[PDB]
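Dock chains B, C and D against the given chain A, drawing on the hints supplied.
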Amino acid sequence: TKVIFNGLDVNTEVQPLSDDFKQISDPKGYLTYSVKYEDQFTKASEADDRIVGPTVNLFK
Amino acid sequence: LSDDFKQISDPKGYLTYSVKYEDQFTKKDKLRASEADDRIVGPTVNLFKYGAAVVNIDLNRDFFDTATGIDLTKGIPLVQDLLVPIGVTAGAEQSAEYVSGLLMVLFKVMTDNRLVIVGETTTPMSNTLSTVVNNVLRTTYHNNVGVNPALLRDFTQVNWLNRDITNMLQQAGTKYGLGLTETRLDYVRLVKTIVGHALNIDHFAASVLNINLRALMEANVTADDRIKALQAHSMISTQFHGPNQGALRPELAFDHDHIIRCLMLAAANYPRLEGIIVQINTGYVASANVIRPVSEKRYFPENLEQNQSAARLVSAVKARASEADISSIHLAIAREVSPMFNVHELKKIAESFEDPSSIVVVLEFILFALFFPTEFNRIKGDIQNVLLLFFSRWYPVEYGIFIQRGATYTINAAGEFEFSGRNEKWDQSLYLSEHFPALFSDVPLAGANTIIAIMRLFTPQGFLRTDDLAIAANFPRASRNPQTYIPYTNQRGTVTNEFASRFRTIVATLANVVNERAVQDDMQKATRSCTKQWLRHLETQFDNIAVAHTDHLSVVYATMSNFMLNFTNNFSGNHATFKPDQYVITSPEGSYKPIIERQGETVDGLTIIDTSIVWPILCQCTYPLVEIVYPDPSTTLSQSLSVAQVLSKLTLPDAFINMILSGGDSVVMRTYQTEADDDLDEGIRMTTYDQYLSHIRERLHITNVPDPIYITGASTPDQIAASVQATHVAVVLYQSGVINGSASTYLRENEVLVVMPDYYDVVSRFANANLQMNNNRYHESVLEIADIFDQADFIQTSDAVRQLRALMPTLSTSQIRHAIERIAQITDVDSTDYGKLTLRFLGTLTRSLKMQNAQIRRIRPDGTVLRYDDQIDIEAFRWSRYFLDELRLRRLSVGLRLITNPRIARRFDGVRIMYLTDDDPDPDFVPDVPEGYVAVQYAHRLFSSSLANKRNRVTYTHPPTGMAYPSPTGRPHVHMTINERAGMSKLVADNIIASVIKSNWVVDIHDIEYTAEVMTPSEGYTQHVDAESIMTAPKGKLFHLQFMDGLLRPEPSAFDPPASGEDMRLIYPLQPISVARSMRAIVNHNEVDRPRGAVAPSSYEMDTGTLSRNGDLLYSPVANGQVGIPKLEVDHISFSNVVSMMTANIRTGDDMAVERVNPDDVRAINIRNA
Amino acid sequence: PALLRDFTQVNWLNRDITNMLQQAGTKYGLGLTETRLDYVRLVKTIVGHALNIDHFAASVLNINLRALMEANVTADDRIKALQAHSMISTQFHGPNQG
Amino acid sequence: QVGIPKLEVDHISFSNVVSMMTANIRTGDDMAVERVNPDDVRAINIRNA
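Chains as they are written, first to last, in the entry's author numbering: chain A, 134 to 176, 182 to 198; chain B, 150 to 775, 790 to 1333; chain C, 298 to 395; chain D, 1285 to 1333.
These aren't lab readings, by the way, just hints derived from the structure by calculation.
Think of the CB as a built atom: it goes at the ideal place given N, C-alpha and C, for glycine as much as any other residue.
Heads up, a few of these hints could be off.
Claimed, not checked - Computed list of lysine-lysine pairs in BS3-like fashion (alpha-carbon distance at most 25 angstroms, straight line):
(1) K324/C with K1290/D
(2) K467/B with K674/B
(3) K467/B with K176/A
Said to hold, decoys possible - A few chain B positions that, by computed beta-carbon distances, are all more than 10 angstroms from chain A:
(4) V267
(5) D303
(6) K496
Bound conformation, chain A alone:
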């Protein structure tokens, strides 16, 4: 007794035959900005600071 089945019935799983990449989803570069602050002279909106927040807070 085989059942009527209107879809495709898969008995096997073929793995991904190769291995290369990995998925980072938030890439980070090889180079960065290092800031050295002068203590003298050193220590504005939701949608704005979500964007320019890190740039402003890094370069002040």
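Chains B, C and D alone, transformed into the frame defined by chain A:
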């Protein structure tokens, strides 16, 4: 009866009166009037109590109750579920929360459905009315009378108000009356008689109450319509009797067009639609009681099976034997006549034809074509693949010739089939293409004429019948000429069986394929005999089942073929030449979602058809062998009716959202002043090609005409008339050269739009004669409005939708689905999948739902778009926007008017702050900038940081001179205006406030759109802001400021302690914040003359205008000399008259009944009728 | 430094940003600068973004995704490579998603 | 003219386009088959061609 209206007796209305009272301004002469003198002009006196500060109008707090997300607790229709953010939380407060709320108040007015019924009315007595309240009154008033500032003609105790209302009523301009009336539509009844009784509700509401009435009376529905709808769902040859056919209903007449466009739209985007349609009719087959599964199997065997030679034959016939499982058998039957939404193909049998038992697979395909033909044809390419494998592994020579002639062909050239000699394989990505399967074509070969015999063993048996019941019942059909294959006919001889005879020939004449196949093995010879016996038993099984199939079964199909939602014609009428037409939804803005298209099998297991179902339906099944139950038309009729209703709602949200963000007749033409003295008219109008592309091209094409002519290599100035006489629109499409000088004026002297590809200069193209028609007479950009056409069915929304698109922030895609999704839930309708397409092996894919202007136009094999080439597709598929196209769009035009009325444009922007030690008596007093104040426009870099004698004062550098200014005093005086109050910090903002206080500057904000509310002197200012925070506030957030009227605050006593330095006020609005008002300050002054300020109700809101000559509200009208200027389209809000009713109307009495006499003798129901 | 434009409280720098960034040639952008759709699905597949990162990293990332999306090979070809580890005649079926 | 490529030049650019792969596209996940068996081993033909 259907129920598409909602009778509510005392109407509500869109615009109400919110009066802010004062408690300190009472009179001393109570005016006691007679009772009735009381009733008619009663509640209106207690809304204008003596000493009311301000009496303004706005959106109703009730209608758009928090239920529909509508929340105007401040004054603006504020929604919270619409154009929500994206990958972040919302802003405790957003403006955008206004251009979304104003788009939501336009939705509610459009989807309206109410029939003002007459109830409570009581006629008065001439003896019991002041002579003023009598001749206003038209015999009978409505008891629950509203307030109308004019009803108080003589009762207000405010002397100036009387002088003014009386001047306004008495001049003929506007005659106000309230009560019964004798409208033209006087005397009908539908079921109960319609009367036109004139109420005190705002005119949009009256316009919609009135439109809804006319639809319910305009449409003609005859108990006969319902009868026609039942014979379609009731099994063929049934007779329904009873109510006189032609007794009106009354319900909106089930529109056939509206439903078809919407069904097409739902198939394109809603996946489940195919499943829903399969679900109604699989339920019908189950109901119908016509196949069943029994526990015993008596298939192949033929008596004796269970012998070793037979073991090999047996095993082959048992791999292929599905278990009869009730709900899959019904599904096979219900694919047979149901729409196919994404092409589907067999669950493949990879069997290689190495033995006589592979005759079994061929035979299952033969059986499959026999029993279901439409269905066989969709997947016939796959069958051709596997059948080809059998043809070679088994008929080598023949196949070699047949394959060489070509395995596929495309039939065109106005007939005839061309086979391209390449053996490929079907696959199905090309089901929808122009490729046929060579094997199924049937044209005879030369050498391989034997393969052409087996190929003519699969051919559907029954006739293709045009389905008259459904065409008679206004069912929605895409085909334009509906047919359906039937497949088995129903017997004619005493003992003959046409169907069984055909199967006997197939299972015998074809066998020669088992008794003539060269096996090369001992025992494969044994199997060959076992297979011939299996073919012989199998044909006897077929006789018993053949009668059950050709009598009852055909009849079920015949009925079902013309059900309401089985709406394509899928017929493989003929295998040799059928492609399923195919419409696509292509729009001008670049969206293309085809209606029927290929994809791997989807989640609900509807998509892939296992082809082995044929065996259980021939061997483990019992029919009602010749008792028979016929099923009510009613179950499915209602089932499908509700499904059409449900479909309308899903589709309504999506259609409406993008109808708003799709212009909607806005072309935005610019007119250029060919020099001279100008006007802001004159000009020569260009339209950027794309505006013309979408709007113009589509409208123009459909009223078939030749594409406005191109302009140059030379001139024509004449031939512009040649091409505009011919093309009816007068748009002229541009091109190379400099427009001829004599003919430039022809264009500017005939208003022909000129479409331009771009406008780098309008001047570079035009050959200016002399008058700097270019950038010297600054062009002027306005809105075209599609009145060039002059249409009916084409031209639907006005330019209101335009202003509406212009308000809303540019949406992305997830954002359009977000806003659309919110609207789906806001209306108690779930749209779990829309647009997206869910599949089994790739997870759920989501498509954008923005189809701006889409039209159902057929796409021709290449995937390209055809025209509305007539004679191939139906009418209702020529044009519309996706709305009810009758009731909805009319409602939407009135909604559009409401959404653009500027007594609702109450989220104002730009507030100017200037510190003046003065006071005013009201709101909206934008103090004008003085004399010498110079306009340094606030940039960001003229506010530096110098050292003015021992500190680091923030310093301003004036721009008209150079000077410094390192401290806010004695500056230069500067109508400075900010814009991007963005970067700014503190320091500079503390400095500009300092400077607008100590140096008398008049700074100015612009991007701070707020909502104001004028609140009256007696009390105070409740919510109090401060400049530290009006600069240090965010950007798309509408904060709420409130100015004070202060015109109704008596004086100080004669004998009191002076003052000393009183205060003024830092911020003012920089527009007029009293856009909704009506009367202001109603307390006479001294005792007989109007306190300075006081405003009396704009004479336009107390003029119960007449009823149009064919429809809607009209002025008094005017001049007392002639016509009537409609309320809608005029600009001003007024209190007019809706046509009412009397019936509880749905209480007709008894509902229509139908004693439906059956067909009675099932082997006689004449299916045949072409 | 480009996002530091107009949000900086020092004037000379804000000037050098604003008129250094305002000419032909240099212009800054941040967001989704590319979208490409599947042909038979019509669902977006490879979207380009303009990030703020350096050009060595972004170069290498683009090398990798150019590898995949320039190869024009789906998993059905792993069905072939599997067809070599089955016996001789073994028919694999499966979902076709390119 | 044409854009100048960022690598062939000796200075650094801290904002530039990364071609990114959406949630619809997926790699490295295993597929589904459905590996029909050969049936009768005797009838397997491994020879020409």
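Consistency of the hints with the structure:
1. Pair hint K324/C plus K1290/D holds up; C-alpha atoms about 14 angstroms apart against a cutoff of 25 angstroms.
2. For a cut-off of 25 angstroms, the pair hint linking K467/B to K674/B stands: about 20 angstroms separates their Cα positions.
3. The hinted pair formed by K467/B and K176/A fails the criterion: a straight-line CA distance of about 83 angstroms is larger than 25 angstroms.
4. Every Cβ of chain A is farther than 10 angstroms from the Cβ of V267/B; the closest lies at roughly 54 angstroms, confirming the non-interface assignment.
5. Once the 10 angstroms rule is applied to beta carbons, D303/B is consistent with being away from chain A; the minimum gap is 57 angstroms.
6. The claim that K496/B is not at the interface with chain A is violated, since a C-beta of that chain comes within 10 angstroms of its own (minimum 6 angstroms).
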